[PDB]
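Quick notes on the structure that follows.
The complex is shown incomplete by one protein chain, all other protein chains being positioned as in the whole.
Read from first to last, the chains carry the letters A and B; within each, the first residue is number 1.
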Amino acid sequence: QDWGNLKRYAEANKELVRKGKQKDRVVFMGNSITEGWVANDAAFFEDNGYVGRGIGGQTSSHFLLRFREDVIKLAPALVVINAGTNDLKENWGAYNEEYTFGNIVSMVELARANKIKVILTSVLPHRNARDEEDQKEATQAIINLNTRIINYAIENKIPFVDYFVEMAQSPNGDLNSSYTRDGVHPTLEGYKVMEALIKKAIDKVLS
Amino acid sequence: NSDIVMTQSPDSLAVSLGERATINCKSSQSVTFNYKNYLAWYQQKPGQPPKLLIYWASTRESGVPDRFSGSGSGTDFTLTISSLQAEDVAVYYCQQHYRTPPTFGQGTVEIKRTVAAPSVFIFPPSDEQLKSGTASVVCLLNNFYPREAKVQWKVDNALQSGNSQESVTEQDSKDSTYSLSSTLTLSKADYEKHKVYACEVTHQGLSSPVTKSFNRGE
Partner (left out) sequence: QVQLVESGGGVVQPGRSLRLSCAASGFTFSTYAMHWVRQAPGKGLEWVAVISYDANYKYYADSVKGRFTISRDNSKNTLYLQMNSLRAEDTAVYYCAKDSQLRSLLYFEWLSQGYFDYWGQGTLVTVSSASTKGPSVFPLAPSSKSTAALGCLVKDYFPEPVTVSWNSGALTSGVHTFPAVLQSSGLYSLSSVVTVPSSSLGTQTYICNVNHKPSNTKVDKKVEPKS
């Protein structure tokens, strides 16, 4: 039934190889936050030569299955990975921090095996407004996963972009009300904050 | 108000050497998160810093003997010593680090033995001390078990309150008993106004209270 959903971008990938090879292509891997990014600010991707490959609802396991077709075969200079939100959501099954982290490491190793540079990013803050303990538990699980990612990134000299620290508001780490409406997906103002951070990091890598 | 409270119930336990020691610790809310128990056990001997014994509720630190084991989850945790050794007599701390501030609960393990009545002695103040304006009267309870004891000072049959302090030794390394001192402090004028000085000792090893006394100037 095409569990990884390679069908979603199969035709779009064909149209890209037909348009030729591009200089300094950046592919964005992620879920609805990344898919909605292109839908909400098409100019940011069009004007900069960025290619969005987000699919809503997907986990880091889906991203690993799509990595070769949706990243490697597009011969990009750089890949931006944002993964973990739906792993934690458990819409596809029980969360396992070690499995999620391992999927990210597998994607990094596939990218480096193909001379594709990597930028790792933080799982975004997430609203769990049932009560205060629910929000704290959600925030603690996100920080715990991001801690694994940042330690791996530092150890392997991979840039890490910390969306979380700039978008999570006190006291319990809820996604800032200025940056969201549903507490999960950024608004355009929220995306503008992420764009400044990731563009600075991309430009440093691409030189 | 929102700090997680750690409680050991009971907070003191007398265990015979060679027998099983079980320390219970309770947290005011669950400290288990993502299948991980944010609960650590520490051992502290007198004059020594705490030392990590068990982490993640059940993992022994390297070098900790096999007779130590931890278990539990959520709000209920247990440290077990399968067979108590003399070197295991110490203060034990359970610690949650699930939330900041990390908080500790405290309990002691002591050696259980048969009841032993104290030998009681009373000491008048020295003439030398009296010449400087203060009188210290000392009552000694030697080599007894258990630690609980009532020491009551009487001056001309008047019960004293608020003018004495007690000190107790650690459990003896050979016979596991305690010794205790009680010191009554009086001004020179008060001391020389009265005749009979007595310390009355109540203890489980004594069928009735034992009184040792002296008459001032005799």
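In this section, contacts are C-beta pairs under 8 Å (C-beta built on N, C-alpha and C of every residue); 3 or more make two chains touch, one makes a residue touch a chain.
Every shown chain that the unseen chain touches in the whole complex is listed here: A, B. When the whole complex is considered, the residue among A:151, A:156 or A:177 that touches the unshown chain is A:151.
From the options B:51, B:60, B:113 or B:154, the residue with contact to the chain not on display is B:51. When the full complex is taken into account, the listed residue touching the unshown chain is A:165, out of A:10, A:17 or A:165. Within the complete assembly, residues 33, 38, 40, 42, 49-52, 55-56, 61, 93, 95, 97-106, 119, 121-126, 128-129, 132, 136, 138, 140, 142, 165-169, 179, 181, 183, 185, 214 of chain B touch the chain that is not shown.
For chain A, the residues in touch with the chain missing from this view are 136, 139-140, 143-144, 146-147, 150-151, 154, 164-165, 168, 170-173.
Basically, only the chains that are shown with their structure count from here on.
Distance between chain centres (mean CA atoms), chain A to chain B: 57 Å. Interface residues of chain A facing chain B in the complex, by the touch rule stated above, are 95, 97, 137, 140-141, 144.
Chain B meets chain A in the complex at residues 33-34.
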